[PDB]
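Written out below as structure tokens is the structure these notes cover.
Heads up, one of the protein chains got dropped from this complex, but the rest are sitting where they should.
The first chain written gets the first letter, and so on, giving A, B and C; residue counts start at 1 in each chain.
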Amino acid sequence: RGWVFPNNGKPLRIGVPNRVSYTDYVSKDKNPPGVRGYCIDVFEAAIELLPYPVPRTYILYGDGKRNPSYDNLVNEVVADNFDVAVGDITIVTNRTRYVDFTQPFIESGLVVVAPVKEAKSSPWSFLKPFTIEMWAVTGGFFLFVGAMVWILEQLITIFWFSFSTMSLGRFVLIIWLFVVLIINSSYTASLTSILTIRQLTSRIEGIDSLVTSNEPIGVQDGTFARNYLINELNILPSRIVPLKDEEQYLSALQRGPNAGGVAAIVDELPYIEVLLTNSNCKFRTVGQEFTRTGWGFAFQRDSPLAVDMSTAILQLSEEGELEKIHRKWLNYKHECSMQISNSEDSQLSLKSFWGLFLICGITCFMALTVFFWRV
Amino acid sequence: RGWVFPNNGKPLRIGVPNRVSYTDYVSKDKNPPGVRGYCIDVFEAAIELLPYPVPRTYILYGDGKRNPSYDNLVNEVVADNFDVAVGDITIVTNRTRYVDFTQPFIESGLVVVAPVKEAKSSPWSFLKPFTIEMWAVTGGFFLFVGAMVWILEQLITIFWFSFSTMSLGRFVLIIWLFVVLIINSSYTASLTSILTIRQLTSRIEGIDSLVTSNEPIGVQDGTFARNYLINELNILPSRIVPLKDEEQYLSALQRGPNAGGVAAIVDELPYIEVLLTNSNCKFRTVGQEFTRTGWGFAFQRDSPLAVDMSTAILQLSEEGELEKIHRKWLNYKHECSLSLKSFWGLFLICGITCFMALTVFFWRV
Amino acid sequence: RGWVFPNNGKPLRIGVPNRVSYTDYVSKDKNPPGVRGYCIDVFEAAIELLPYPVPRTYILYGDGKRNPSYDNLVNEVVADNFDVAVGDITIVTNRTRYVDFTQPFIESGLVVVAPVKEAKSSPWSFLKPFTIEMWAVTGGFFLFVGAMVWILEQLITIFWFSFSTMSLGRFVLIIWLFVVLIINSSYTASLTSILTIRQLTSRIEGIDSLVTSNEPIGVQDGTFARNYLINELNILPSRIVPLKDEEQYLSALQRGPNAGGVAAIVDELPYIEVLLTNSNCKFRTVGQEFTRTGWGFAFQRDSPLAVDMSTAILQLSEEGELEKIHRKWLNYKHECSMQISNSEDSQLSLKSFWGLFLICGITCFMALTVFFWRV
Partner (left out) sequence: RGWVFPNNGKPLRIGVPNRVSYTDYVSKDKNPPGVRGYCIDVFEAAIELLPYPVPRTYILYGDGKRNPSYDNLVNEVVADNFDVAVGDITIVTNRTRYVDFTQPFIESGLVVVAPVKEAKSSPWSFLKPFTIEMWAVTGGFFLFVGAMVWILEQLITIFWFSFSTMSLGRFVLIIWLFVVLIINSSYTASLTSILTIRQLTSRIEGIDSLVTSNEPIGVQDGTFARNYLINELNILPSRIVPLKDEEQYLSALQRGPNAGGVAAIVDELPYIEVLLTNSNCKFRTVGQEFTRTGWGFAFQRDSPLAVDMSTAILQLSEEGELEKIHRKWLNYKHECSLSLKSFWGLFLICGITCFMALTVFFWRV
């Protein structure tokens, strides 16, 4: 093959982004190579597939405070300050136009990570729709009416239950009938209004729910997704909030959309699978990937090293060592199937009726103990 | 550029408001600048964006006891006692008529602050479904169908109450039971559709809910929103109550509308974010910005020093420095923030009917 | 007073907007003055209050196809192509900065005009929540059960109504009880679900409801309100739809938010009071004015004719002739109080119970005719 990479004093200026969060893909290091992460060693393993002994260098790009803007990093490959950008560079439609990429060594897609549904189930959830002061007064003004039925008339007390089945005490019964009819509808409304607002809360089941909800959306700093959601999804820039690091990415969702926080974070798929292992079982990609392109190495435009390394990636992809390096660093995977595309429907709490029928079980057994007490 | 600011024996007469409350934006200071606050430091950096060395002074305007009228402070720039007014001057139309502002360096809006309150009404809120004409139609036809019991028969009325509880007259029981079964669902469906939307209406408020309610309205001392609601919203001046400092903004709302206090203070947006940070979240912005203009610096009219200081604000804002100045002083976002049932109306009917029966038992005994 | 307007060959270049819709304020005309409308004669009446015999001209600005952009018209006063703009120029905060205005001869405010609530009231509204095929089958499977009660057992037919008040036919009654219990809840839900969606439809009760509803909003062509709702209210430009003329302004609201239409039109107050007289009783300003500034005449910046005509307006405002000219053209006023800030609450249809109790009145009278038939 006619190209020979020259043997001269200019090295290969690998541009390295200076990542603050997600130091497992690419990061600053104290070692004699100088850089650490995943795509570094991916780029390292691509060297031995080529017959070129390649001298090179590693230049960190951003600061040590926040993530570097890759569109500025791509421009520094356009401006020929660098020879090649190696990192988490996502193939975006401008970026394809201005520089040259390889084949995607890995795939990726923009996801929506969001807090999961925490739905309660208790005997408290059964007795929920009235106040604790209301459940005593309503039962209190049954016996308060029933004590007046005595004036119209434990073993002595059971006789009035026979007469309260179906003069002046009949007029007491008529108004007491209108009591129960409203408390029928009052419990009906107050349980409906809880089962409605629980369904009609601030929810998202995809990017389309997240666009039209006019809520603040979190992103990371220096990514395409800020200028992607503006230029494509028709989102106001005041919704889109950049965020610096993974310790901030949680507490912006621990606060939820309020306390200054955002509704949800839109990031790429392989960042979030690290984040799920980094977090507890509280979050999930609520939809599918809505922009699925992948990564790649940014080269100089019309570089002869492209088709060399484009073949080397596809060769190494067939050899399975790409997945073996993907086992060395990116072994962090856990499902914790909290919710799995759960249909929001009727779904009445199974423990809410663990509080009804077991108190009914107490009553039937207390009926049976007094039954044996006669025996 | 043709204009160069000359360096003669006269300095630049910056008008500074003698600010009493909210001393984070601007304040009297014992430093050798003599000034302290946000809009000072906003002004200082745009000086450093000029190609000019700018000799300048700072003069406090009003009395130290109360906040002065900024329109009179604007008027001194018209009266040429100052070269430029720097402070919390908010862009109003007749303020723009006489002096020339800069671009807005911050965004401010008129909001209404008011205490948070309960949502549940009286015993009559229990009765609120079924508009009250149709209760008399209900109870009227309730007894009118019960009059058909007495056809199909003090001693006769008890027999009319005997078959009322539980032939052709028992076919009348068939049709009426079908009716009141619907009325049971009709009162149910009306009650549900009230208690559902009242958990979704966060908009049950408004500036008009204050205008129509002829309540005492608190205002801060020396502001445009005093004269703004009078000329535009036509609100009576007896409703408008001035306030001099920050702690009086609380106690006039601690007392509520009664005890001499005010119901809802109409102040600007960036002031309320300071004060709600200072307190607990017992006080709420009942709506949104009903008049949103923003602040600005007021040079004397047709002065070329306004022009480059306008563009210097644009260059400094797009750089991202005003926000860094903002976090230096106002990084203050410390803001906190199901369904149940409580009423008393039907249990009064539990009290009326039951003690009535004791008298008849006392009249029998 | 030291100023004297000169007696020379240059006339007074009055800039006149070429209005397509609302030709009652200012319009092209075939007359020797050349222009027609309201603010023309307002400007005409301001001349005789000044002691200056003023020669002048009238220049139409826009085309005959759509309304001219007044910010371009104000710029043509800045660019000194014109001496004065006379028309519907609203005092906006840039416009105060770049030119000089008079005092407002009239006041105005941005309103929200919107379709009114049409709520139905009928005996059909009573029998609404089931299908017409359902109201016959449900009543059909009462007598279908009741015909089996005959096998357990008009003047002969009335006997089973006595036995259906409260063996194997008792087992028929138990399942028939479970029929009515569900149809109780089935009518309860289907009437709730109609009374809920009627409340939770696409509604607006102010500008704040109209901002957060992310709906298309109509405006007129060449106004500040397009660049006002963007720069202040934080509204996406794809919602804001300009519209050319008053025959289009109706059919964009006759279609509602769908069929390509918009949700509501935001215009100034004096345009909409013409539009209400121009329309039937179908629309109303649903809120108060949320941006209330008024009109004025745009002058050259630092013109001596300002304080002359600023005094002349305030003089004529005190004389009441300003309202008399406001009677010559702007006499079009009608209320037609369809809805007047109506509280959306319980409000159960009075004619829905005109269908219940009158059929109950038929039944009670048919009971009384057979009562007299025995007599």
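The rule we apply is simple: contacts are C-beta pairs under 8 Å (C-beta built on N, C-alpha and C of every residue); 3 or more make two chains touch, one makes a residue touch a chain.
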From the list A:205, A:319 or A:323, pick the residue that touches the absent chain.
A:205
Consider the whole complex, including the chain that is not shown, and state which of B:21, B:67, B:192 or B:293 touches that chain.
B:192
Which residue of C:116, C:197 or C:336 touches the chain not shown here:
C:197
Given that one chain is not shown, which residue among C:4, C:168 or C:375 touches it?
C:168
For the chain that's not shown, point to the residue among C:12, C:59, C:189 or C:307 touching it.
C:189
From the list A:75, A:81, A:164 or A:167, pick the residue that touches the absent chain.
A:164
At which residues does subunit A meet the chain that is not included here?
91, 93, 96-97, 101, 158, 161-162, 164-166, 180, 184, 187-188, 191-192, 195-196, 199-200, 205-206, 208-209, 232, 287-288, 290-293, 302, 344-348, 350, 353, 356-357, 360, 363-364, 367, 370-371
If the hidden chain were put back, which residues of subunit C would touch it?
129-131, 133-134, 137, 141, 144-145, 148, 151, 166-175, 179, 181-182, 184-186, 188-190, 192-194, 196-197, 200, 258-260
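FYI, only the chains that are shown with their structure count from here on.
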Indicate which of the five shapes (line, ring, star, complete, other) describes how the chains touch one another.
complete
Inter-centroid spacing, subunit C versus subunit B (mean Cα positions, whole Å)
26
Distance between chain centroids, defined by C-alpha means - subunit A, subunit C (Å)
42
Quick check on subunit C: which residues sit in contact with 2+ other chains?
166, 188, 192
